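Each chain is listed here by its residues.
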Amino acid sequence: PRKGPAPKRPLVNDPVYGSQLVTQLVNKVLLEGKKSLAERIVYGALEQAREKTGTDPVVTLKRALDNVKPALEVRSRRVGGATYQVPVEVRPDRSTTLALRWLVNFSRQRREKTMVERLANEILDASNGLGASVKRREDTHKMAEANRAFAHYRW
Amino acid sequence: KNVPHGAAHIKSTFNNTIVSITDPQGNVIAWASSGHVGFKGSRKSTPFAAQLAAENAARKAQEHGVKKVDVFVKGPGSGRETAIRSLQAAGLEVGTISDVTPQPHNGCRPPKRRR
Amino acid sequence: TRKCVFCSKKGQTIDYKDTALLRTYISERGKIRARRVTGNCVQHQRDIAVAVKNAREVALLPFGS
Amino acid sequence: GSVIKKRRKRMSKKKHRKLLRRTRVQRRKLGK
RNA sequence: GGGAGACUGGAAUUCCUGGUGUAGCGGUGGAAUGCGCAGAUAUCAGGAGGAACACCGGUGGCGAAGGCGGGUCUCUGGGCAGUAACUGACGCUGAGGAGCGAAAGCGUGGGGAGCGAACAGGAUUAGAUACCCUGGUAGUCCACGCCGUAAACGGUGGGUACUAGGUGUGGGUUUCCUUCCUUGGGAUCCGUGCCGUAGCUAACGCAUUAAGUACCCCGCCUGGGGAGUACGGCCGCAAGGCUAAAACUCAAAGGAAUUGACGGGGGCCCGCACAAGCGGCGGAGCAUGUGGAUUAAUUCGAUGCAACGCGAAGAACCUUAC
Numbered sequence: 002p003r004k005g006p007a008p009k010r011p012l013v014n015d016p017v018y019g020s021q022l023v024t025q026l027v028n029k030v031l032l033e034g035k036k037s038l039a040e041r042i043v044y045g046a047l048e049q050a051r052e053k054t055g056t057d058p059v060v061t062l063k064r065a066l067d068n069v070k071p072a073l074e075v076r077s078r079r080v081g082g083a084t085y086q087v088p089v090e091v092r093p094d095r096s097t098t099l100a101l102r103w104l105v106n107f108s109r110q111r112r113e114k115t116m117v118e119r120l121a122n123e124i125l126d127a128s129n130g131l132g133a134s135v136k137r138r139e140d141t142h143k144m145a146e147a148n149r150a151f152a153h154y155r156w
Numbered sequence: 023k024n025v026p027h028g029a030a031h032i033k034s035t036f037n038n039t040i041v042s043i044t045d046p047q048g049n050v051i052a053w054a055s056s057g058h059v060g061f062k063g064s065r066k067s068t069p070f071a072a073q074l075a076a077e078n079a080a081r082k083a084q085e086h087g088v089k090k091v092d093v094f095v096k097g098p099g100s101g102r103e104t105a106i107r108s109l110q111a112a113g114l115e116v117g118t119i120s121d122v123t124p125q126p127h128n129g130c131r132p133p134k135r136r137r
Numbered sequence: 017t018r019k020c021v022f023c024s025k026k027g028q029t030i031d032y033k034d035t036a037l038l039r040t041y042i043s044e045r046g047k048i049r050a051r052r053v054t055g056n057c058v059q060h061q062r063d064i065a066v067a068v069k070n071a072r073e074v075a076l077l078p079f080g081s
Numbered sequence: 002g003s004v005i006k007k008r009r010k011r012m013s014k015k016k017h018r019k020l021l022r023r024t025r026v027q028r029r030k031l032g033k
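Residue numbers (PDB author numbering), protein chains in the order written: chain g, 2 to 156; chain k, 23 to 137; chain r, 17 to 81; chain u, 2 to 33.
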C-alpha cells in the first residue's frame, strides 16, 4: 500500500434482499470461518425485527445505520515524542463500516444470553435511537468537536 | 463584587502558563496557574494544562460576575490558542486579542547560549 | 522594480515635521519600511529614516505603537 | 593547512606557560 | 556608521514604595539546589540607576590597518568628479627609527542594571575540578596613563604599463530619443561582487580587484623536533614582549587530489515498516527447550536480531559420548 491505493473489492449482491448491507453485516459477524451459521443468526435477528416492529427490514436498518453513522474521527500525529489529536471528516464508507463494527463488537454484551435475540434487540434499540451505538456516536462527535482546535496541520 | 467587563492576561512561556483576570484598572480578581491545577514539572508546559488553567480561572472570574473580557497575551506561545478557546468554551466573551510581548530596543545582555 | 518618488522632478522635500509623508513609509506598528518595499534610492531612504527618527524623538510619531 | 601543526605548537606553548607560572617567585628571587 | 567634545530620547532588565491576590514560582531530557506562604509569581501606578542603541540595515558606505551606525550642536581629517588657470620631475621604495594598534591584563579615582572567569551548591556519571541548572567576585562602563600582542587572514608588501568578454551594485560628469518622469539608450572616470577565455599552477584554483606578461624597492624562506626555548641584552609596575642559538634525536615531516571504509551527517525510494483491520503472547493449567542450585553424573554443542517444539525424524538396557 506504499505505492498507491489497492483496487476496492467487489460486493456480491445479497440474493434474498438485494442490498449489500445485510451481507456486509453477516460477513463481519462471521468468525471461525462459517457462512451458514452467521447467515442464520442474522436472518433470525432480522425476522425477529420483522415480527416486533411490523415494518420492512431494509428501510428500518437503513435509517438506523444512518442515525448511528459517524461523521468525524480523531487521529493521532506525534511530534517530538508528544502526540496531537486532529479531527478529520470520514468518507461514508468507513463511517458505515465503523458503525457496523461497533454494533457487532458490542452485540456480545447484552445480558439475555443468546446472540440472535441480542442482535434483534440492539438493532431495534438503534432503530429507536436508545442503543449504545448512539452513545458511541455521540462520544465520537464530542471528541471531534471539542478538539476541533488542533487541525492546523491540515490532515 | 460586580465587575461586568474585565481583562485577561495570558503569560505563556516554555515552562508554564499563567492566567489572570483583572479589572479594567488592573486589579486582579481571579488567577489560575498551570501548576495550580495539579501539574508538576515539565507537564505544566503542555497545551492541555493551559486549557485547564484557563477553564479554572474563567470559572473563578464567573463567580465574581464577569461577562465580557479582553485578552492580552505574552510569551513564547505553546498554549496561547488553547487558552483562548478554553476561555471561550467557559462562557466568557473574548472581545479583543492583542499580543503584548516586551521587545527590547537592544538593551541589556542575554545570558550565554547553551551547548 | 519601482522608482524613487523623490528622484523625480516633482518629488517633495523631506521634512521631519511632515507627518503624512513620513507616515507613508512607516508600518502599522510604527517600524520603518525596508528599501525593497518602498523602492527609493539609498540617499533618500537614509533621509526618510533620519526624518522618522527625528519625528519620534519629538513625540510626533509613536515609538513603535 | 592541517590543524596537527597548530596543535603541536599550542601544546608546546601551553606547557611552557604552565612552567613559567610554576616558577614565578623563584625566578624573581634569582633575577633580583 | 571617518574622528573628538558637550547636551539629550524611547523600549527593555533589575531594585524600591504602594493597591489586588492567592498558593505556588523558577528550571530541565527529568529533576534538584533556589525563591515564596513573615505574602512570591502574576497585574496596575510612582520612583532610582546603569549599559546597549529595535525598525532603517545588505556582502551597502567610510578608514592605512585596528575599526566605525539613537538624536542634535560645535570643532576636524581623507577621498571622487568637472575645468585645466598654476609649479615644472618636485616621483617610487625604504635598512634602522617614530607613530597608530581588537580583546584580555596592569596603576590611581569613580560607577555598577544586565552578563559573567574564579568560587559555592544541585544534577549527570564508574568518577565529572566540565557540558546542563541556581547563585556569584574581578571584569565589561567613565577619566588619565601603561602593555604592544590575535586564524591583527585575502594565510596574497608597495609603485607602474600591457593582455577576450558577459552580468549585478555605490559615487560623479555628458550625447542621442525626448514621451521630455521612469536602470529611456549610449559615452567616460573612480570603487565594490559573480561568471568566464588566452596565460599560469603539483593540484585545488587565479583570471583586468591576477596567483598572467614585464621593470624598480623592501621584508622573509633553506628537512621535522629540540625551540620562538636557554644564555646575554633592551623595554615594562607586573604579566610578559622583542633579538636569538647549541648539544642531542628522527628518515621523515608536509601539500593537493583519487579509490574504499566509516560517522552518535544529510536527501529520495522500498519491505505487514507505520497507519488501517483480523487473530493472538504477557493472566490459568499442561508439554518441551533454556538460565539458576544440588548430588553420582545430572553427557557436549547452541547465546540478540541470525541461541532457547534448536542439534536429537522418537533416552528401560543399546543408542550414551555421563
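Don't read these hints as lab results, they were simulated from the structure. Misleading hints may appear alongside valid ones.
Unchecked claim - Dumping the calculated DSS-like pairs for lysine-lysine here, alpha-carbon to alpha-carbon at most 27 Å: (1) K96(k) <-> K25(r); (2) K82(k) <-> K143(g); (3) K143(g) <-> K89(k).
Query raised in the report: Has the given pair, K96(k) with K25(r), been kept, meaning a C-alpha gap of at most 27 Å?
Result: Violated. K96(k) to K25(r) sits at ~48 Å, over the 27 Å cutoff.
**Report entry** Given hint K89(k) paired with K143(g) - CA-CA distance at most 27 Å
**Finding:** The given pair, whose Cα atoms are some 26 Å apart, holds under the 27 Å limit.
Report task. Take the C-alpha atoms of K82(k) and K143(g), compute the straight-line distance between them, and say whether it is at most 27 Å. Result -> holds, 25 Å
Figure legend: structure checked against the earlier numbered hints; the only hint not met is number 1.
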